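In the form deposited in one PDB entry, a lone chain appears below as structure tokens.
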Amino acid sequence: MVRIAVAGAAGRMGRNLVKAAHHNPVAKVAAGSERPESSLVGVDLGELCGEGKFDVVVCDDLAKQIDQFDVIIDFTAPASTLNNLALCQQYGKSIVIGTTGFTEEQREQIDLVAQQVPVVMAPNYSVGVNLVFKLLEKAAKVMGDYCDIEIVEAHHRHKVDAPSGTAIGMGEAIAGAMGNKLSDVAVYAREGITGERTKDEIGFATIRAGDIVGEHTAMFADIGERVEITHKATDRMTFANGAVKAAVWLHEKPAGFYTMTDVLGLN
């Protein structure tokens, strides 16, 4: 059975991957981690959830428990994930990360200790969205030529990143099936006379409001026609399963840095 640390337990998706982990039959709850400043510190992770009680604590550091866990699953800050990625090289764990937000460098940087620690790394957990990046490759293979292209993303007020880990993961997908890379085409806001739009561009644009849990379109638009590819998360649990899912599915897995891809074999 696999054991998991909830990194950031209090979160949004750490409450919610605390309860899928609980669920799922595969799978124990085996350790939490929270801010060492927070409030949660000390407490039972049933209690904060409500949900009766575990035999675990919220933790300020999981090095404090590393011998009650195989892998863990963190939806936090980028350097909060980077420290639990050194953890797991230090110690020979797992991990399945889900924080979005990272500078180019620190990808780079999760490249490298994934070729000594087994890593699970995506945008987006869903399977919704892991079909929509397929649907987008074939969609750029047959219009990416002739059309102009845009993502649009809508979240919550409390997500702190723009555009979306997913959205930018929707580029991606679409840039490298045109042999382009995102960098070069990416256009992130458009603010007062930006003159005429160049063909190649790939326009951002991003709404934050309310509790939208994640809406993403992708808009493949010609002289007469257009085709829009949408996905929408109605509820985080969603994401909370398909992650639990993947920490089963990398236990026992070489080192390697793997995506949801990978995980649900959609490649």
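Residue numbers count along the first chain shown, from 1. What changes on going to the form deposited in another entry:
Between rigid parts that reorient between these two forms, a hinge sits in the chain, and the option from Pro163, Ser126, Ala140, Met170 at that spot is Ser126.
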Contents of the next structure:
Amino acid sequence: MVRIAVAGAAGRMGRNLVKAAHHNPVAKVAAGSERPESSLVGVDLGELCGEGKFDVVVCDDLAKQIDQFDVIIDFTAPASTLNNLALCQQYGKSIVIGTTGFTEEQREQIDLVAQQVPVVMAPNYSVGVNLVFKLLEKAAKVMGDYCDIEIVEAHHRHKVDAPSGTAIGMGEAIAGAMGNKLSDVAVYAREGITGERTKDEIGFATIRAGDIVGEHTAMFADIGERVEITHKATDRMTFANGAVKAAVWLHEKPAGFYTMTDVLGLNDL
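Output the form deposited in another entry next; the form deposited in one PDB entry has already been displayed.
The following holds one chain only.
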């Protein structure tokens, strides 16, 4: 039984993490924070995610609930996450970090603290996408040399960056497995007279529409046949499920910097 503290439990990710920890039978929702000024401080965590009463409340500082949790799941903001890390060090807790947008200096501090603390830190927690990165590697080794490699992704209308960071992550897994640098081979746009396709290029096609949570397809195309590997994200919940999966696994692990690769056992397939 793993006792989970959800940092910023009112956030978009937070609320999903609470719901996800609730649904995992090996995990217990034990604690939850929000910003001190927030009025959700005091509210029961189950009522927050629309799922009945848990007998736990949102606190304004996880420090205050240290003794009731084993592992912190933290998808908040850089400064907050660094304070939660420091708590782990001090009180012998573990942390699953989902927060992004750290400075280089701050990323260096995490690496240091991860020598004393069990830390999971990943740029994506989807079980399916990480499984897909591995499968792409296998496919690239077998077919990459002689196939045309295309990456196509669809997202909702509000997404401001193209292509997706997950698409770029698929490119890198492929390029790396083939001993290449993605920036050497990547083609992001095709407009007008492009000429004949190059042999080594990895082409990116980007769709922006509706409320699409996230679709990714990597295509390996040969004359005569093609292999398509596709991930569909249906619910921002899936990331939360993965992060909880990671917290369970991280429980009673030694100190170290761990990734989803490690959690899912991708290296030993």
